[PDB]
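We begin with a single chain expressed as structure tokens, specifically the form deposited without the RNA.
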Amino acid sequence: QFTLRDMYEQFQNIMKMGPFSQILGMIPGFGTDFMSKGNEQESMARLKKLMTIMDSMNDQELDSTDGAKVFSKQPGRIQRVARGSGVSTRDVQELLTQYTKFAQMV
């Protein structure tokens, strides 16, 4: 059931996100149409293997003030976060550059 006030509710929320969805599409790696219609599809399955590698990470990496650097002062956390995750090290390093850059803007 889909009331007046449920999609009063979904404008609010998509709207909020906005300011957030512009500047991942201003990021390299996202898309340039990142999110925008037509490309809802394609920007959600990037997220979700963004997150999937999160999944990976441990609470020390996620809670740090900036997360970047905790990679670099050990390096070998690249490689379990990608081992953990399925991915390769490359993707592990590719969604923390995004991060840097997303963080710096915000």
Given for the second form:
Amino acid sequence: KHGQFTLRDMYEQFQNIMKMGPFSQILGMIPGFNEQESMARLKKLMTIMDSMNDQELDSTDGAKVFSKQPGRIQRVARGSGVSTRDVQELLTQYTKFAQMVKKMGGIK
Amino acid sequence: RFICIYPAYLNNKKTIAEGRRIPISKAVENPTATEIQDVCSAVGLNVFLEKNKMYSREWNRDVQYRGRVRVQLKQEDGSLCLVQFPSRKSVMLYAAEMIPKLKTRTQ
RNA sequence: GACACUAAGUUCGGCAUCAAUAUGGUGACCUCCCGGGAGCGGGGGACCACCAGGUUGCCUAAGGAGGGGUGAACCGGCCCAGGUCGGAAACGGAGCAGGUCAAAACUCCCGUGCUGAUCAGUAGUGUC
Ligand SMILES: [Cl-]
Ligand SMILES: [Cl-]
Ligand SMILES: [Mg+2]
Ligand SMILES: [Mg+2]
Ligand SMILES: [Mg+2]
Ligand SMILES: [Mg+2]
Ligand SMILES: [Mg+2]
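Starting from the form deposited without the RNA shown above, please give the structure in the form deposited with the RNA bound.
Up next: the whole complex, starting with the chain shown before.
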């Protein structure tokens, strides 16, 4: 996009609003999902990642990265003013979410 | 109007920039806001513990590492509460010296 | 004419490149105060590392304060979104991610010293 607006843009936006209900109902069987009281939980989880680096983000097995090198968890916790447990929690949900995605597809 | 005493102030494991306020020679291992309050209250000082407050220069979030302690120096009229305690430095030091004596530490 | 010797030319490689100083910086750490209800505001000393361009030792066959790079998950310095902490607030602090760099560290390429080999066969001199 270029500070402007093309039909593809309008398209992609409508498209985002699509992979909603789905992705939303995919959060179905995952203890860690009250609309407003959820947004926070979702914004938190994001801010925590706002502290991870590319290599950590783009890792097929993020859980392990952090597993194997705990210092990374500490770096992240402290870097996002959140607790350590919080980070490990975010890490497990990401796992559950991964495993889930596996049983189905991924992009959708 | 009471004053502020953060454990970082009395921590010999912290550098200057990390919040240490007294010479390492007088500083202490890992003073806990609790211990600080427990020695101050036991000298005739008026003080209350702010259990959950956290020192800004304290990256850690654990418990042994947080809390704040508040002591009354002067009295509304102006007179110091305890002649032997002018400044804040005075209290910090007095605390740094008495904690390594708390039974809970000599244990 | 053919060979030699000194000066010397081309190219691809190898080995190797101080010390101690002033002034100004940046950073780190320590140590004293004043002010303040916090985050802090203010001021004096000490030590170490590094940088900018500036000397000199009486220093080596050489040793220029040259030009890049990388900067690591964190573990160098800066700027630090968000979030976090102190704060009623204003703000301030610690600080990851991200960006960045006269000044943690580590590395190249320059130059400069010897140095194999290569190519040229010019400059002089000498011999038969
Ligand atoms: Cl001070
Ligand atoms: Cl630590
Ligand atoms: Mg010869
Ligand atoms: Mg980088
Ligand atoms: Mg880094
Ligand atoms: Mg912020
Ligand atoms: Mg800061």
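Basically, rigid core = biggest C-alpha set you can superpose within 1.5 Å across the two forms. Residue numbers count along the first chain shown, from 1.
**Q** Residue 24: after superposing the rigid core, is there a C-alpha shift of 2 Å or more between the two forms?
**A** It does shift by 2 Å or more.
**Q** If you line up the core, does residue 88 shift 2 angstroms or more at its C-alpha between the two forms?
**A** The answer is no; the displacement is under 2 Å.
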